[PDB]
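Heads up, the chain below is alone and in the form deposited without the ligand; it's given as C-alpha cells.
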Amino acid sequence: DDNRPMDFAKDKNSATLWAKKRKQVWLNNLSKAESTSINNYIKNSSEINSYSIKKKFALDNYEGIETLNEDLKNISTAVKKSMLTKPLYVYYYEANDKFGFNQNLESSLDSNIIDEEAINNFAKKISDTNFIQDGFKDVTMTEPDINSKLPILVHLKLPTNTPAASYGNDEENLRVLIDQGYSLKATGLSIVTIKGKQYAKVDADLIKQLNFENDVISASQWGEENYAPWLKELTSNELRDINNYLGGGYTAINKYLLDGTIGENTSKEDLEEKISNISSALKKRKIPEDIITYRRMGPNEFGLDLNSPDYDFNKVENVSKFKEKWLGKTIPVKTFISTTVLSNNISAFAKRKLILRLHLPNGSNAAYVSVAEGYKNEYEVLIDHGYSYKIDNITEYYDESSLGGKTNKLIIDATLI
C-alpha cells in the first residue's frame, strides 16, 4: 500500500516501514519459482542482467542457460505483482559511461568539486535522449549516505503502475527492484553536495518506449496495423521500386546514394528514378510514435575493413578507441536505412560486430516495408535517405556463440535527428 510520500528523500525510517509492509505481502504472493528467482537476483544480479542482453541480441535458435531464462521470466512476473499506485522517486549513484559521456566531471584542481566545462557539456549530452535501460534495475528509497566514488547521483521518478518490488536481506536497507523494458529521460540537472563532496544530480523520468526486442507477434501486428494501408495505397511505380529495393535492389541503390557509383547495366536516370520513387513512398506515412529499431552494421559503415586491426573488439584497447572516436558524434546518412524492429540477430549478418539500436522518432519518414507480401518475416522498417543520427552510447557485450562469431560486439545507441 502507498500511504507515503512520493519521495522519502532522506527519511529512512518511513521508507523502511513502507518497504517492510509491502515486501512481506509481496513475498506471500509469490510462487516458489518466483521466490527462488528473486533470491537468485539478490545473489547474482550482474550475471542475470548480462544474460538478458546476450539473449535479446542472439540468433533465433539460441538456447542459452535454462535457469537464467527462468530467472528473466520469473523476476518479471514477480515484480509485476508489486506495481506502484502512485509515483515513487528512487536513488542510485552512477558513472559517466551509462550516459555515454567520456569527459571527467571531477575538477582537476579539487576532487570534491565538479568541473564547470565538463558539467556544461554533460548538460548538452543528456538532453534530447532516451537512455535505454538494459536488464532489471535495483535502486534505493532514499538519498544514499555512502561515500560514493561516483560522479553522478540519479534521482529517478518511477511513474504510477511501475512494477517496483521491495526486496533484500537487510530489512532496514530494503532495495527496490524495477522491471525491465524501460528507459531514462532526464528532467533536470544540478550540483549537490553530500558529505562535503559534489555530485551531478540527474533528475530523470522512467519512461517506456515502443521496443519489441524479441516479440515477433507484437512487432508484426504493429507493422501490419500501421502500414498495411500504406502498402495498398502506393502508386504502381512506388510499389514496384520498393519491391525492387527489397528484392536485392537495395545494394546498387544505396551504393549509388553513398558514392554515385553506377555499374552500367543501369543508368543514372534509372537509379535516380528508383530512389525518387522509394523516397516518395517513405514520406507517405510518418512513423506514428517513437520506436526502437535495429541494424547489424558492417564494418565499412564506420570506416573499417573486416580485417582492420581496429575492428578487433576482443582487445579492450580497440573498444576504447572506438568509444573515444564515435561517442557523441553525429553521423550523416546519404543512403536509405534498412532496419528491423527486432533485436534478434540475423543469419546473413550473424557475425557483424556493430549493432545499431536507433531511436526512431515519431514523425520520421520511414515505413514498415515488411507488410509487403513475401517479406513478413523480415520485420523491416526502411528509413528515407538524408537523415543523420547522433551516437548516445556504445556498450560492449560478448557474443560467445560460434555463429555469432565468438566476439565482443558493440550496441550503439543512437537517436535519429
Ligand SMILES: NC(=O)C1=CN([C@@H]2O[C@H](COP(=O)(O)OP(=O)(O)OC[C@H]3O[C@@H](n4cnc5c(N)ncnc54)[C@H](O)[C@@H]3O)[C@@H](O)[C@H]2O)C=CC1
The other form holds:
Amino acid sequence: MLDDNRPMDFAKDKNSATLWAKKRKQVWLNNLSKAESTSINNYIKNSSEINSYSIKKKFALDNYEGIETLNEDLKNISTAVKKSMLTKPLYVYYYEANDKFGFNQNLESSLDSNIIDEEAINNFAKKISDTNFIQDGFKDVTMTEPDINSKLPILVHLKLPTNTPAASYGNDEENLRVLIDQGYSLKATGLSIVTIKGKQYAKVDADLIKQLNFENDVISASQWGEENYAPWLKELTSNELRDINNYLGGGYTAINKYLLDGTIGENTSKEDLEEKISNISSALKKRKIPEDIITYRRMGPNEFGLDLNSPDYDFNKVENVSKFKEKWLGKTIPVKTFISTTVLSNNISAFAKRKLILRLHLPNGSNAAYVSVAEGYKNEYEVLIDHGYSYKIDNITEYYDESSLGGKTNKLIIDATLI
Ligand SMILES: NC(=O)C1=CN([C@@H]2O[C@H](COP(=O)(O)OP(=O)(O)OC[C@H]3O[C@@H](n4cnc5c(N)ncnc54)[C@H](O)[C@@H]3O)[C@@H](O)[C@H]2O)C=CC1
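Please give the corresponding structure for the form deposited with the ligand bound, as opposed to the form deposited without the ligand shown earlier.
Expanding to the full complex; the earlier chain stays at the top.
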C-alpha cells in the first residue's frame, strides 16, 4: 500500500519523495528487531567499513573468523531491508566515479570544466556496453535528481524493479536515503549528457539486476552443479571421463603448459597431449552453460605477464596498482589454456597467496561444465572452461587481505566477461 500513489520516478519533486519515504520508514522501523535497529544505525555511522568488510569476508579463506559484530551487521542489515520490498519499480539517483565503470579517461573537456569531452563520452559509451557491473556490499541512494554540485563526473539514474528490498532510512527527515540489499549488479540502458546547476555530467541510465553468484553459498552451489551437470557426467565417453579425471588430479600442469606454448616433457609425447586435449575439449562442448553465472579464479601472475618476484607485482605500493589498471583495463586477453574456475568466492588453501582474483561473468551458452559433479570431488566446486576463449577486462578493484595465510597484501579483483 505504501507505493500506492507515488510515481515510479519522483524526478525533482523532493516533497513527494519525502512524504512517501516518511510513512514507509516509520512502518519499517517498527518492524525491526533491536538487533536490526542497531545494525541499521551502524550502517548510518560507517557504511564504508561494513561494505569494505563484506568484500574481505566473501573472498576469505574458510576458517576466517573475521570481526564478530560486523558479521552480525551483515546479516541484520540484510534481513532488515527485506522487510521493505518495493511493490513497483522505483527510479533512484546517485553521483558516481570513473572507477565503478572501470573507466579511466577524463570525461571533462580540457577547455571548459562545465562541458563534457566528446571523444571521452564516446569511449565511455563503448566501455559501459555489454557489461554487468557488480555492486559489492550494500548500496544507498537518493530519491531525486541532486540539486548540488558534484566532484564526480557521472550521474546514475538507476531502475529498481518490483520486489527489490529497498528501505527508507537516514538522519535527515527531508532527505531520506534508500538502502539497497546485497547481491546486485548494474546494467546500462542508456547514455546522455545532463546539465545540473550549469555543469554537464555523463548520465547513465541503468537497470538493477541480480546475477546468479553463489559467493560462499555452498549448499546452493553444489545443488546447481548436480542438477545441471549430473546428466552430463552420465554421457561422458570412457576416454573423456578418464582425461577430465587426469586433468583434475594433476594433469593440468602439463596440459596447459602445452596449450600455452607447446612444452612437452621428455617422457611425454606430443600425441598423448593432443589426445588428452581433444577429449577434454570435446567433453566441455557437450552441455553449454545453461544460464549466465559468475565464477571465480585465483590467478597466478604469469596470466598477466608478471613473475612472482617481479617488482610490478607488489600491489601494496599505490604506484603498482595504478600501472596494472593502466595496462589491462578495457583490454581483451586471449586465453589459450583450459580455465579452471570455482563458483565459490572463497579463497583456496593451495592458492591462498595469489594476488589476482578473477570474478568472471560466464555467459549462457559457453562451452564449460561443472566438473566437480564427478565422484570424489567432495569440497570441489569447479566449472572447467574450454580453451581458446578470451577475457574482456571490465574492472579492477583492490582490497586488502590482512590475513597471515592470504599473504598480508592488497589483492586485485578482476571483473571480466568471457567472450
Ligand atoms: N586456480 C583456481 O582458482 C582453481 C583451481 N582448481 C584446481 O586447481 C588445479 C589447477 O591449478 P591451477 O594452478 O589453477 O592450474 P593452471 O594450469 O591454470 O595454472 C598453472 C600455472 O600456469 C599459469 N597459467 C595458467 N593459465 C595461463 C595462461 N593462459 N598464460 C600464462 N600462464 C598461465 C598459472 O598462473 C599457474 O601459475 C586443478 O586441480 C583444478 O581442479 C579448481 C578450481 C579453481
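Only residues modelled in both forms are compared. Numbering follows the first chain given and starts at 1. We call the rigid core the largest set of C-alpha positions that still match within 1.5 Å between the two forms.
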Exercise. If you overlay the rigid core, what runs of at least 3 residues show Cα shifts of 2 angstroms or more between the two forms?
Worked result: 1 to 3
